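Trainee: Chain by chain, the residues run as shown.
Protein chains: 2
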Amino acid sequence: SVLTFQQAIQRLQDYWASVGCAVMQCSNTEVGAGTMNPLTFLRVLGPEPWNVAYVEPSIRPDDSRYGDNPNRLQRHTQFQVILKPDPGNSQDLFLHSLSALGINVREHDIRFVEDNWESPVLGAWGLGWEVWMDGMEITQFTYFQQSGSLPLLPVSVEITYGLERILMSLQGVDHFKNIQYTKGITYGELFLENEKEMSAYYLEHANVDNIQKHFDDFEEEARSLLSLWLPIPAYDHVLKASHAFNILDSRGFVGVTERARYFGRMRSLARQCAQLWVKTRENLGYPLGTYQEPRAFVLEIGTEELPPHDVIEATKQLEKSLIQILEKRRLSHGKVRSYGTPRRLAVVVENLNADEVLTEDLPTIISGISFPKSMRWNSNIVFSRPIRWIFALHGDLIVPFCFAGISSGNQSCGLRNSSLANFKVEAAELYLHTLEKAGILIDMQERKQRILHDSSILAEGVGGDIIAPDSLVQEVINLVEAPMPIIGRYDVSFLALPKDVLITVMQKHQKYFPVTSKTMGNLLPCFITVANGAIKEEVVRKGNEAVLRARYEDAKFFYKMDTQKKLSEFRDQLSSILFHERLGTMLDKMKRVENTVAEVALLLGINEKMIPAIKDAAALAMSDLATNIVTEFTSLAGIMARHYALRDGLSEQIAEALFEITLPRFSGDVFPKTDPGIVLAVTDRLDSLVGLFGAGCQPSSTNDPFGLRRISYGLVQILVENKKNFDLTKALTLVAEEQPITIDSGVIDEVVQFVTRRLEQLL
Amino acid sequence: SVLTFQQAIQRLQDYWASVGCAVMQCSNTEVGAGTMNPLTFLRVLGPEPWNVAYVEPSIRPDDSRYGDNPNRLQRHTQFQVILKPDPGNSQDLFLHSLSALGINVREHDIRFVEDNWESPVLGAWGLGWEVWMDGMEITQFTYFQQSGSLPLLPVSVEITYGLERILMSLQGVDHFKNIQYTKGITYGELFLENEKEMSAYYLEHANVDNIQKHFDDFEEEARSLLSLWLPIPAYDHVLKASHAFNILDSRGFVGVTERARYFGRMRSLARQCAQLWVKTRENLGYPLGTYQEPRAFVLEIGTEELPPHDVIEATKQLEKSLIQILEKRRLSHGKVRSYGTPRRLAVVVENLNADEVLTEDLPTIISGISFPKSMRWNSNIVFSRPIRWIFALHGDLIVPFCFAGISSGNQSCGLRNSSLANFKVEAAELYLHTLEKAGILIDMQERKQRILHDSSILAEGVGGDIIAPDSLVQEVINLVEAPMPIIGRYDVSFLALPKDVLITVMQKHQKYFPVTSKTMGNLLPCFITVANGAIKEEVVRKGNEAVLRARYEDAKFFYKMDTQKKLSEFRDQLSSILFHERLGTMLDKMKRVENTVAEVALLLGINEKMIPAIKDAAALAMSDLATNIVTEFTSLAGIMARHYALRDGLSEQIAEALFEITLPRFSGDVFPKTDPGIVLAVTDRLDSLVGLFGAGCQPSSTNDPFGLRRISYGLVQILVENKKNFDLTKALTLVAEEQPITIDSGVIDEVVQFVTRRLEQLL
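Line order of the protein sequences matches chains A and G.
Residues 70 to 362, 383 to 442, 507 to 916 in UniProt numbering are what the first sequence spells out, letter by letter.
Residues 70 to 362, 383 to 442, 507 to 916 in UniProt numbering are what the second sequence spells out, letter by letter.
One chain only, chain A, in its complex shape:
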């Protein structure tokens, strides 16, 4: 009836062998993830084609909880697939596999949420998605772009299934120890005792001296065999050294600075082995083979799923460039509009008065579109995601041209697994109407008004009101294309927590709509979740309820544990969070701030009687970034410290300053409003500017790296909005007096000029 473990694994190998990939066996050495295997890191290099699929036990010493945490294990199992070169339809096959595994595709809600992979220690990165199945992550999907610092040619697709979580979803369990391996034996009886014993060894009694010795031994031997033109033993030695290093980390004996050195050593080793493998396969002549490659106008690019901000930017740029070139080509036109959704970027130009110029220039226009991150699937053409189809129609006549190996056509595609999986259009004026037939609104905004109206209806259904900040709403708008709101509830005991945990967990991670009582504003045990497509309601409700309860169970343990020590003690661990090498840790930054806050307050004309209180805040600034809460929930910075101090008994204004030391966290964020918070935020930003400008890597494409890009902007907005006079030069000098790095007058002048330029941008 309901599935087990060994049935799932068997079905996966059968399916993936049936498509064309040869099933192999898991290596006899320990890895942290399947990508580390010598069947993947080595084999994706070179022109030889490569298809393979295998199971792998993944061992992570850092996750030991003695088997009490209901879903975290030190040993899990992954199923890994490598396709090369890109067959051209990997997403068809992945969902077709999910079909063959017993997961019902149309009935469940399948969501491809953006996620880029990265791994410096292998020197690899790629672009792809994380697959959610009704709330839970179940798979990772990726296109490799560079491995061992060598740009891969041709590109390969990597697909990774996580099985314990999948089975926890299908069988409806809440703890790993109840999953059934096979008839009459549950996961517990087989693996719980091994879990306990290995967790004890990983956490307490393992020997570190011998493991340092083994790191030395294996590094030496890897170099030795790399000199002798044998790459397989070299890479094997590398894997042994890496796993020993992880066990080294679990004990807590990894130095705060040592990790960079370890990372450098291991990465250089792996890259050398990759280079040698490539040369060696070159000497052999490549046995496996080689690679070889007026009427309305509607223009649509159809790719796979794009990130939201990419959807917005691409729509704007494409529309503007098309209008421009139409003007330069002296062709008259009517109104021009743009539309977009995660899988399509469309622009409609009405009453266009032409075929030859359109044919000769459309590839140029589409090539002209630029994104921050681009990738190749075949050939050297770049785009955000691989293009699959182009709907380029003038009236009833199709425009022929070539680009990205895809010919323009009259075909489109609708919702996944419906009757309108594909269709065609003969008349341009039917375009927006034909998509009306597929159940997808192609404009933006329509979706926003629909979502908000339906959410209001459903929430009023139980006498509550939704909370809808702008950013959450826009993200949800561009995460779907056919909304369907659903109401759910959860157990009431969780309402005992502080309000911040509840709302932040509901919003930041899962994208659900919290609802407060229409009267008295208290939290209601309700939430609204936006499904996409023709789902069956109770399945989605069950899944999402289970997920929410799991996440709130996590908090309700961490929270009690974090009630035992007083916030005063957590400050000690701020030495474990890195700011910059020359400036020290977060603890050093806080110690610098605490000895400079009083002068900043004096220069701001703040009342002196608040000086003893504000300094008391300075002793506990950011003392939450080392609590288990903000470790799991990043968005709760400061506010949780406010509540802790309230329980700890500190003044409310101390808590408000600890909170507003964060504001603004980003563009558009509300700005600090209490005077101690203003002083703390000013001091923090001044220390950041003085330290980073005095120590280096300052301007990086004006993007963000090291938080200098938008921190600078905030410094001023705070000063302007709060109507407080300030002396920039004196405060900068006073801060530099506290910086451990010597700061000359030239650095101060540069900072003054930079602040002046940023203010000029603001003013």
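Fair warning: there could be bad hints in the mix.
No copy labels: a pair is met if it fits in one copy or bridges any two.
Below, a list of computed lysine-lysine pairs in the PhoX-like style, where the Cα atoms sit at most 25 Å apart [said to hold, decoys possible]:
1. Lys348 - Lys265
2. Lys265 - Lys309
3. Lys348 - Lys246
4. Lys877 - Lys718
Honestly, the hints are just simulated from the structure, not real lab data.
Since the structure of chain A is already known, use the hints to place chain G on it.
Mentor: Here is chain G on its own, set in the frame of chain A:
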């Protein structure tokens, strides 16, 4: 069509999961065999039931040949099944699996040839069979009896499939590098390069200093964690240490004496871990559960396959005891006869004049039978193999009694997979007739005359004559129960080898009948193989031809390799063969013999002019036990040295002495005939007696575990048959004068008394 690799593995896991065993995965640690896995060595202990099946890559550093030897690899793959407790029909399921794997059962010739397992370093042993499929070993089958020095209760069955050899049999290939993994990728392109690189590492450039270090580290850590009541990490550490030791051995740096010490350390470690695991599971309360348990007279015991000498001894003892107790019970009877075949021990008593005494005494009689080696399947009842059925019939009346959990009945069983797989008997006088209907003869002589007559017919068919020594004939007689001779041939180039290699390889290992030309006595390219049952002829002919060609290819390469360095150079490696700790190596024994042979010859009244020649033989005695020829072919001791000396140019008598230094090799073997050979054999046996009696390990239960008595009996037979006078005391004293171990007069007196007793037994 014709099978591949992954199809075989997938089909095996499917079949064995369908029967009731849960399929698991290969640990990420390196083993030499699946029995070493912590899923088998640990899990067979205790009363908790256990069924499991998994694949495992087996890594043996000692087998590196750089991929040139057609069937030997450093890395192979085994499929392992563990059943516990004994389900009761493990032999049905194993053949039912070979059926599901695509091997045709009735058409091929399936043979269960005796082979006992042993593994001291784990402290385990068992009893079982090696499965031959038309000439080639393909599977091992075993009942465990004691693991980790703790007598198991209840007993478990272990089945081990070897897959590369199976696939080499089905596809019809001669080298591993052509087996097809999957469509369009052969085994070569995947694994040949890994083979070359790992073979280079295993043989030349690996570091031994670091591996000694790691042995020390892991032994220390295993002790450390054994003290702390965590057995899983302890056993894992043990496995790492053992594999490192094997890589240590491949380089050749294992001392001739050190291996015993390493063996002791590792065995003690494993036993301690097993004991701790047992106590730990005892503390838990056993979650998995607990174990809980006148008319003719024809008496047949039916077990599984028995070894030959066991068949003979059991027939004799059962017949004698039954007749005795019939006499003691004052019951009259006619003629009494015995019959036996590998699966049945039957005794027929004619015209027996009783049911109550037979019922009350038959279990006593059957229990009274003794064997050198016994085992249990359920309960503590012992027998050579587990009993399955007892055919105990008096006339038309069945005799009811209970023993070994099996009730007496009227049922029997015929040839495997025939129409008469089962039948029943109502009339006693039909017994030998009814088996006539099943094709099985039952006399132990009828079979001999049938085999010899048919062999003569077939060999005369091509104008040749068979070679039939007695021992080979009797072994073949009791290896089958329904003979069918088959003629085959082989390639003629192999006739260029010396005659000894050809005949010895054909006889000692495969049990085939060599045929010589009727004229001139030259070897003919023919042989006769005795198939059993209703086989299809050409299948068997193809299989056996391929096997013979493979073995002769191996023989010719080794022969060519050994025909370079002189028979004198090979003497240096005799330090690598161990005789006893206190007496030294084989080289030391040969040096002792060479300095005492002249005095032995003088005491025998041998002509002095032959003294220079005989001593020249003493310089090269057993110079073959270190040549690859006798390393692979044990039965060629001495004779190959004779041929080498002939090629080397030595006198024929020197070679004859080198040959007869071995005679007799066993009971019934011919005795040395030339005087130098007589002197050499006498000197060798005298040195053996003086060394072993002077150093220890007296005749153990009279079975000669190291030699001494069958050895001495050989000495006295040599002295008597050759009509040579001899002085035992003086020769013993002279030999003791050469032994590095101090030998007192008491030792000499004990040896003299022992020789006198053995002569008394002979005379």
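Trainee: The structure should be examined with respect to each hint, and the outcome stated for every one.
Mentor: The hints, checked one at a time:
no., hint, result
1, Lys348 - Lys265, "between (46 Å within a copy, 17 Å between copies)"
2, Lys265 - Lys309, "both (23 Å within a copy, 21 Å between copies)"
3, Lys348 - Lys246, "between (48 Å within a copy, 24 Å between copies)"
4, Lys877 - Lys718, "neither (37 Å within a copy, 99 Å between copies)"
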